[PDB]
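First, one chain by itself: the form deposited without the ligand, in structure tokens.
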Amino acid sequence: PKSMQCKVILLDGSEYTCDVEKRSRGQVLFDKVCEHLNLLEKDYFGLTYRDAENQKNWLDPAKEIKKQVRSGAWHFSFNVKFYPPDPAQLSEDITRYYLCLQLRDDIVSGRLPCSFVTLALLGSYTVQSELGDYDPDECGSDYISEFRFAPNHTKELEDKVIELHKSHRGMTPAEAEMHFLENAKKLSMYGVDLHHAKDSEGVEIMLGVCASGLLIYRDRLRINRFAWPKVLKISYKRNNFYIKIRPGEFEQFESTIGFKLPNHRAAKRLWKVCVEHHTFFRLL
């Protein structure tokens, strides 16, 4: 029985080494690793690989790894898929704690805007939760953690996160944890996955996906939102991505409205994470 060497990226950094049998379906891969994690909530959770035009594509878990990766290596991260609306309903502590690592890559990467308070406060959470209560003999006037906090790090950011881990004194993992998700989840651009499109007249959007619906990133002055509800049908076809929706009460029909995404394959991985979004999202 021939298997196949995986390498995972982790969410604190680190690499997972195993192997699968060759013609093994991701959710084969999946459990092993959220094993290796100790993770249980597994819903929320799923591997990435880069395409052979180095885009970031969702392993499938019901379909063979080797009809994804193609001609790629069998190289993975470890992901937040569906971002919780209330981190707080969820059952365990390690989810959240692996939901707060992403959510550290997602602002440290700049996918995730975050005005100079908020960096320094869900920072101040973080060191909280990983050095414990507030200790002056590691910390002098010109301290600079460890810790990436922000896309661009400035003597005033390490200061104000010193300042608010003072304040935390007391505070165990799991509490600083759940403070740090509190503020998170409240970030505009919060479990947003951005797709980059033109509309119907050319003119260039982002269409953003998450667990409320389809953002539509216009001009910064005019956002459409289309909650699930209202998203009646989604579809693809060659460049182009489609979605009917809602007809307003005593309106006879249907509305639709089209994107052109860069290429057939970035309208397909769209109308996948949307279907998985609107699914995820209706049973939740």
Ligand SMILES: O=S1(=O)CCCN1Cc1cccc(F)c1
Second form
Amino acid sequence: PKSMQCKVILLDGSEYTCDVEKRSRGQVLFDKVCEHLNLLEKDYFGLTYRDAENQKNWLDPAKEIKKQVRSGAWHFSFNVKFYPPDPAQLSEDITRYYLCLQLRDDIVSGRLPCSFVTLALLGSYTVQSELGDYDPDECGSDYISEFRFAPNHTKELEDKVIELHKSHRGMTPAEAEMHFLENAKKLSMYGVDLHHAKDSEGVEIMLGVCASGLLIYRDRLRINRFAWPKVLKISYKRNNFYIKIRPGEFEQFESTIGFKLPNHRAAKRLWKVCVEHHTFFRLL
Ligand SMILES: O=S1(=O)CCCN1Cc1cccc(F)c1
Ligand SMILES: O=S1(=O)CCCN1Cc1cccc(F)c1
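For comparison with the form deposited without the ligand, please write out the form solved in complex with the ligand.
Okay, now the whole complex, with that chain kicking things off.
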């Protein structure tokens, strides 16, 4: 039975190596990574790979790894797939921990925009979680933390992290991670997966997919929002993604909004992530 070497980038930035039989489904590899991570609350997470166009794709746990990676390397990342709107309701601290690591990368990367003050507050909770109580010994007036807190670091930001860290004395890692999550979860791009698209008139928009529904970002002024309840159906055909919207009471016919994606594969990817978010953040 022939086995392929898999390389997984973990959220702490380290590499996990393992082998699976070459006809393995994605679930086999995912189960191995989650066991390595001592992670029980697995439903929020998934593995990504990069396709031949270099786009991030979710590894479907139900299908053969080889029919997804196709010609590419068996190289993956471990990621948050479904960002819980209320992280306080996760049953385990270790779940909250991996969620924090994913959000730190979301912030540093600029996928999750954040005010100065929220960058410093989030950074201060990470420091408290990782170093414990503020100590002046590892911090003179010139201190710069090894921790990456932001897409662009400034001395003013480093100073503010230290000022807020002083205030967290006696806070345990689990408590600091919970505070990190209570702040992060309120940010307007928390858990939003953005896709480049054109509207029916060819104007460049972004479609966001999250727990609460679909977002159309036409610009900072005029942002269309479709709670899942309002979304009747979604479809893709060629390079097109269409969404059907419920009529309001005593209106006769659903409305159709169509979008143009860059190519057929981008349309299909958007459709699948929407179906999966609808299925997950339907239930309750
Ligand atoms: O994701 S969580 O916040 C973490 C545990 C409780 N959560 C479930 C949830 C949230 C929103 C809608 C729904 F059907 C189920
Ligand atoms: O529309 S479907 O592709 C039909 C089969 C799966 N779909 C689920 C769905 C229903 C409603 C909203 C939504 F985003 C996804």
